[PDB]
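Protein chains: 2
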Amino acid sequence: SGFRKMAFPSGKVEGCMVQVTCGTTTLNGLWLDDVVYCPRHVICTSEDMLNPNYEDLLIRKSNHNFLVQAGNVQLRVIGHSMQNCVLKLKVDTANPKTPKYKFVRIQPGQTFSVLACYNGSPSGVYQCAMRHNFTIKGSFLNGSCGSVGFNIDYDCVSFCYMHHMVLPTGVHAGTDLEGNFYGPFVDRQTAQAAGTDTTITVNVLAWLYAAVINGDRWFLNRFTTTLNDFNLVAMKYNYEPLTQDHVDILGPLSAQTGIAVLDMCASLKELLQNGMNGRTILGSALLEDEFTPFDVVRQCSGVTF
Amino acid sequence: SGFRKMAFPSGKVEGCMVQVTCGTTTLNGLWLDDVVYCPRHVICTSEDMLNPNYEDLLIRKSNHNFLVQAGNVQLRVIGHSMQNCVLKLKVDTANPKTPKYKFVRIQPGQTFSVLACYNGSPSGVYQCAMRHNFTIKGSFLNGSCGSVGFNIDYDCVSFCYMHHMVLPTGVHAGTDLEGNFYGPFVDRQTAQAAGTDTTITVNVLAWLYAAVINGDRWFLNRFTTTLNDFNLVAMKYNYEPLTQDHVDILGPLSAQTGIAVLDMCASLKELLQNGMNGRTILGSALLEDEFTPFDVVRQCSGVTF
Ligand SMILES: *[C@H](O)[C@H](C[C@@H]1CCNC1=O)NC(=O)[C@H](CC(C)C)NC(=O)OCc1ccccc1
Ligand SMILES: *[C@H](O)[C@H](C[C@@H]1CCNC1=O)NC(=O)[C@H](CC(C)C)NC(=O)OCc1ccccc1
Numbered sequence: 001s002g003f004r005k006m007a008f009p010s011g012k013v014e015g016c017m018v019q020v021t022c023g024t025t026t027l028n029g030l031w032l033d034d035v036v037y038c039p040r041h042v043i044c045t046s047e048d049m050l051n052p053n054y055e056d057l058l059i060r061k062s063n064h065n066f067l068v069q070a071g072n073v074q075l076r077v078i079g080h081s082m083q084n085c086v087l088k089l090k091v092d093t094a095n096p097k098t099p100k101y102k103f104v105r106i107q108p109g110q111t112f113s114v115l116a117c118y119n120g121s122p123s124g125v126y127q128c129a130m131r132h133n134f135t136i137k138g139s140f141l142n143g144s145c146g147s148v149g150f151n152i153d154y155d156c157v158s159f160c161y162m163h164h165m166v167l168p169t170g171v172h173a174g175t176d177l178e179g180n181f182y183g184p185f186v187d188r189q190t191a192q193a194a195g196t197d198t199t200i201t202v203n204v205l206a207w208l209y210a211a212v213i214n215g216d217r218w219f220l221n222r223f224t225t226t227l228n229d230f231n232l233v234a235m236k237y238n239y240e241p242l243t244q245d246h247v248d249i250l251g252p253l254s255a256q257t258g259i260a261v262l263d264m265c266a267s268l269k270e271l272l273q274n275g276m277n278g279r280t281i282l283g284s285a286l287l288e289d290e291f292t293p294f295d296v297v298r299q300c301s302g303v304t305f
Numbered sequence: 001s002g003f004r005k006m007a008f009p010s011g012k013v014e015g016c017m018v019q020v021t022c023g024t025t026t027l028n029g030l031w032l033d034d035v036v037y038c039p040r041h042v043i044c045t046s047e048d049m050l051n052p053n054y055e056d057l058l059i060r061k062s063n064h065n066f067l068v069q070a071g072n073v074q075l076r077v078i079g080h081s082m083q084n085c086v087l088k089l090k091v092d093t094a095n096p097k098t099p100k101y102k103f104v105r106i107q108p109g110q111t112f113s114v115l116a117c118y119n120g121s122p123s124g125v126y127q128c129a130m131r132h133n134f135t136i137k138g139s140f141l142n143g144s145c146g147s148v149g150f151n152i153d154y155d156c157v158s159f160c161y162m163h164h165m166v167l168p169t170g171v172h173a174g175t176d177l178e179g180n181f182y183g184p185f186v187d188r189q190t191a192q193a194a195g196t197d198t199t200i201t202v203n204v205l206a207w208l209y210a211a212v213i214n215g216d217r218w219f220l221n222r223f224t225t226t227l228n229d230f231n232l233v234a235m236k237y238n239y240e241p242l243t244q245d246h247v248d249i250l251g252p253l254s255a256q257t258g259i260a261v262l263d264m265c266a267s268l269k270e271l272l273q274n275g276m277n278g279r280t281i282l283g284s285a286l287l288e289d290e291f292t293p294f295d296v297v298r299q300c301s302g303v304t305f
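Protein sequence lines, in the order shown, are assigned to chains R and W. Residue 210 in the working numbering sits at position 210 of the first sequence, and the numbers go up by one each step. Residue 157 in the working numbering sits at position 157 of the second sequence, and the numbers go up by one each step.
Same shape as in the complex, but just chain R:
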C-alpha cells in the first residue's frame, strides 16, 4: 500500500486562479462566479505595510485601479468591498470553470491542500495541517499571497485558507475565505508571535495505525494505560490532551486493526519516554502529526474524487 503525504487533485482550483494588480503590488486571486477574492494588502505600498489604515487606503481606490487578468484576458471590475481582511472585486463575467464550492473554517489538526501560485499561475501543490497555534508550515515566497487551501469531497471544493504573511519563525498565517484570520494575527509588518504549538495527539495516533496497516509494528508494546495517566505524560511532552471524542474518531481504526485505543496510547507513551533509538516508523525518525484519521482511511482504502 505505502503511505505518502498526499494532496487532492488541483484540477478544479487551477481554473479559479487569476492575477490581481493594484498599483505596484501584484498577488493571486480566487475567481468564483462573478466575484474575485484576494488579500486586502494589495492596495498597499512598501511603506504602507509598516502600519496601514486599510479604510483610508481603500477610499483612494476606484474600480479601474484594480487590474484583474485571467490568463491573457482582462476582467472588468464593476465593484469592490472590504470584508475583514479580503477584497471582493465584482467582475462583469462569471467564471465558466466554477465548480461546486463552499467556504469553510477548519479547526486545528485538520489537513488541506495548498496550491501555491505566482502571478495567477499554479506552481505546485502540497499537503498542510492547521497547527495548534493556528499556523502552518507552508512553502511561500514573495507574491504567493492569494494562494488558497482547500479540500475536495468528490466534486465539491471546500475552500478553507488564503495565504497572507510569514512570521519571524518562518511559519505562515492566513485567513479563511471570509477574511477572518486563523489565530491572533493581523495583516501588518509587525513582529508578531504565534503561541506554544502543541502536537496534535490524535493525528500521531492515527498515523501509528497507518504504520500497523503497512507493516511497521516494532512499537506495539503489550502495555495499557488510562486517559488521565496518558494525558499527564502528554502534558510534559507538549502534546494535546485526549478526549472521548478523539477516541470515538479512532474507533474504525481501532476495530480494523484489533488494537485497542488505550493500548495504542501506551505505545505512544513509550515512544515519548524512550525516544526512537535510531529506528523509523513509515520511513520517518519523528512522530508525524500531519495526518488526520480521515487522511489515513482515505489512503488505506483508496477513495476517488
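If you are wondering where the hints come from, they were derived from the structure by calculation, not from laboratory data. The beta-carbon is built from N, C-alpha and C at its ideal position, and this holds for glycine as well. Treat the hints loosely; a few may be bogus.
Across the chosen pairs, the derived CB separations fall in these ranges [claimed, not checked]:
1) R/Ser46 <-> W/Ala94: 28 to 36 angstroms
2) R/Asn238 <-> W/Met235: 34 to 42 angstroms
3) R/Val303 <-> W/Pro241: 41 to 49 angstroms
4) W/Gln69 <-> R/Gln256: 29 to 37 angstroms
5) W/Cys156 <-> R/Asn53: 25 to 33 angstroms
6) W/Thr280 <-> R/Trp218: 19 to 27 angstroms
7) R/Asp229 <-> W/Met235: 43 to 51 angstroms
8) W/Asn274 <-> R/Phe103: 44 to 52 angstroms
Under the rule of at most 20 angstroms between Cα atoms (straight-line distance), these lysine-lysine pairs were calculated in the PhoX-like manner [said to hold, decoys possible]:
9) R/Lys137 <-> W/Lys102
10) W/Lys90 <-> W/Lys61
11) W/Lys102 <-> W/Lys88
12) R/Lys88 <-> R/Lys61
13) R/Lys137 <-> R/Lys5
14) W/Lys5 <-> R/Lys5
15) W/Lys88 <-> W/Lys61
16) W/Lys137 <-> W/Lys5
17) W/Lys61 <-> W/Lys100
18) W/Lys137 <-> R/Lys5
19) W/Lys97 <-> R/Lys97
20) R/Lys100 <-> R/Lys137
Chain W with the ligands: place on chain R using the hints.
Just chain W with the ligands now, kept in the frame of chain R:
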C-alpha cells in the same frame, strides 16, 4: 520561504485519465490524442497473473473486449497493439483535452509527480523519485495500475512512468510510456528482488543547500575534503559516489550560498560519521534524498507553470 515536498499541478493530467475494462480486470488508462495507453496485464485473470503468455492471451481478444470509459462516455475501440508491456488501444475520438505532451525515460535520482487513480478518477498527487535500483516508494492500492508519473515544463507534460506492480518489500515498479520496465522487473506475480538501493548523494547535497537558504546551518562544519576521500567514506555508508558532473550541477547552488562544493561534502561526511544527535534539518531527523538540484531552485525561486 519554507521547504515542502511539492508536486506539479495535476490539472492537465486529470483530463487524460480513463477507465479501461477487459473481462474481470479494470485499471486506469492514459488517453492522449486517439490512443489509449494502459498496462497489458488488464487482459489477465487472477490465475493468468501467476505465469502469463501475453501473446497467447492477446490472440483471444478483439476490439470489443475492451471497455474504455471517459467519465460517463464510452470510447469505441477500433484497434489494439502490444508495445512491450503496455497496450495501445486505438479509439475513434481524439481527446479534446490533450496537452503538449512527450514521452521521456528518466534516470535514477530524478523526481516526478504521480497522480494516483482508481476507476479512471484522480484520488491524489504526490512527489516521487526514481531510486538507485529503479524502484519508487509510492502509495498504490489495488486498481491503481495505469496511474502515471509526469513532470511539467510550463505547458508541456513530460510523461515518464506508469504503475504496474508492488514488490515483496513494499516498494513499487513500473515502465515508461513505451512499455519498457525501469529495472530488471517483469509483469508476473513472481517473487522478484530489487537490488541494493544506494542513496542519491547529489540529491542530499542539494537538500542541504536548501537548508542553508532557509536558515538551518548547525551542520556547516569548517572542514574540507577531496572527492576521492569523500567517496571512500560514502562507499561505506551505501551512498552514490560523486563525479565532476554532480559538482557542476551543484554549481549555481554553490555560488548562490558562497559554500564550496567540496566544503559541503565535508559537512556530509561528518553527518554520516557522527549521526544527527537528535537534531533536525528542515524538520527531518534523516538525510532526505527525494530532491534534485532543480527541485531546490524551483522552490527557492518560485517557477510558475
Ligand atoms: C504576500 O505575498 C506575502 C507572503 C510572504 C512573503 C514571504 N513569505 C510569505 O509568506 N506576505 C507579506 O509580504 C506580508 C504583508 C503584510 C501586510 C501582511 N508580510 C510578511 O509576511 O512579511 C514577513 C514579516 C512580517 C512581519 C514580521 C516579520 C516578518
Ligand atoms: C495493478 O493494479 C497492481 C498494483 C499493485 C496492487 C497492490 N499494490 C500495487 O502496486 N499490480 C498488480 O497487481 C501486479 C500484477 C502483475 C501481473 C504485474 N502484481 C502485484 O503487484 O502483486 C504484488 C506481488 C507480486 C509478486 C510478488 C510479490 C508481490
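Taking the hints in turn, this is what the structure says about them:
Separated by about 50 angstroms at the C-beta atoms, R/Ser46 and W/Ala94 break the suggested range of 28 to 36 angstroms. At about 41 angstroms, the beta-carbon gap between R/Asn238 and W/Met235 stays in the expected band of 34 to 42 angstroms. The hint said 41 to 49 angstroms for the Cβ distance between R/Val303 and W/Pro241, and at roughly 43 angstroms that hint holds. The hinted window of 29 to 37 angstroms between W/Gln69 and R/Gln256 holds, with their beta carbons roughly 31 angstroms apart.
In this structure the hint that W/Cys156 and R/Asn53 lie 25 to 33 angstroms apart at CB is violated, the actual value being about 47 angstroms. The given range of 19 to 27 angstroms is respected by W/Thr280 and R/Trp218, whose C-beta atoms sit roughly 21 angstroms from each other. The given range of 43 to 51 angstroms is respected by R/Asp229 and W/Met235, whose C-beta atoms sit roughly 49 angstroms from each other. Separated by about 50 angstroms at the C-beta atoms, W/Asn274 and R/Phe103 satisfy the suggested range of 44 to 52 angstroms.
A threshold of 20 angstroms between alpha carbons decides the hint, and for R/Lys137 with W/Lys102 the separation of about 35 angstroms lies outside it, so the pair is violated. Restraint check: the Cα-Cα separation between W/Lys90 and W/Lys61 comes to about 14 angstroms, which is no more than 20 angstroms; the hinted pair holds. Restraint check for W/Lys102 and W/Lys88: the C-alpha separation of about 16 angstroms stays at or below 20 angstroms, so the hint holds. Of the pairs offered as hints, the one joining R/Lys88 and R/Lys61 holds, with about 13 angstroms between alpha carbons and a cut-off of 20 angstroms not exceeded.
With a C-alpha separation of about 14 angstroms, the suggested pair R/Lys137 and R/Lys5 falls inside the 20 angstroms cut-off, and the hint holds. Between W/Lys5 and R/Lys5, the direct Cα distance comes to roughly 9 angstroms. Compliance with the 20 angstroms bound is thereby established for this hinted pair. Taking the CA atoms of W/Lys88 and W/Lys61, the gap is near 13 angstroms; set against the 20 angstroms cutoff, the hint holds. For the hint pairing W/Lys137 with W/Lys5, the CA-to-CA distance comes to about 14 angstroms; that is within 20 angstroms, so the pair holds.
For the proposed pair W/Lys61 and W/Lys100, the alpha carbon gap of about 32 angstroms is over 20 angstroms, so the pair is violated. Note on W/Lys137 and R/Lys5: the hinted pairing holds, with a Cα-Cα distance of about 12 angstroms set against a maximum of 20 angstroms. Taking the CA atoms of W/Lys97 and R/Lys97, the gap is about 14 angstroms. The hint holds against a cut of 20 angstroms. For the hint pairing R/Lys100 with R/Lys137, the CA-to-CA distance comes to about 28 angstroms; that exceeds 20 angstroms, so the pair is violated.
Hint compliance for this structure: hints 1, 5, 9, 17, 20 are not met, and every other hint is.
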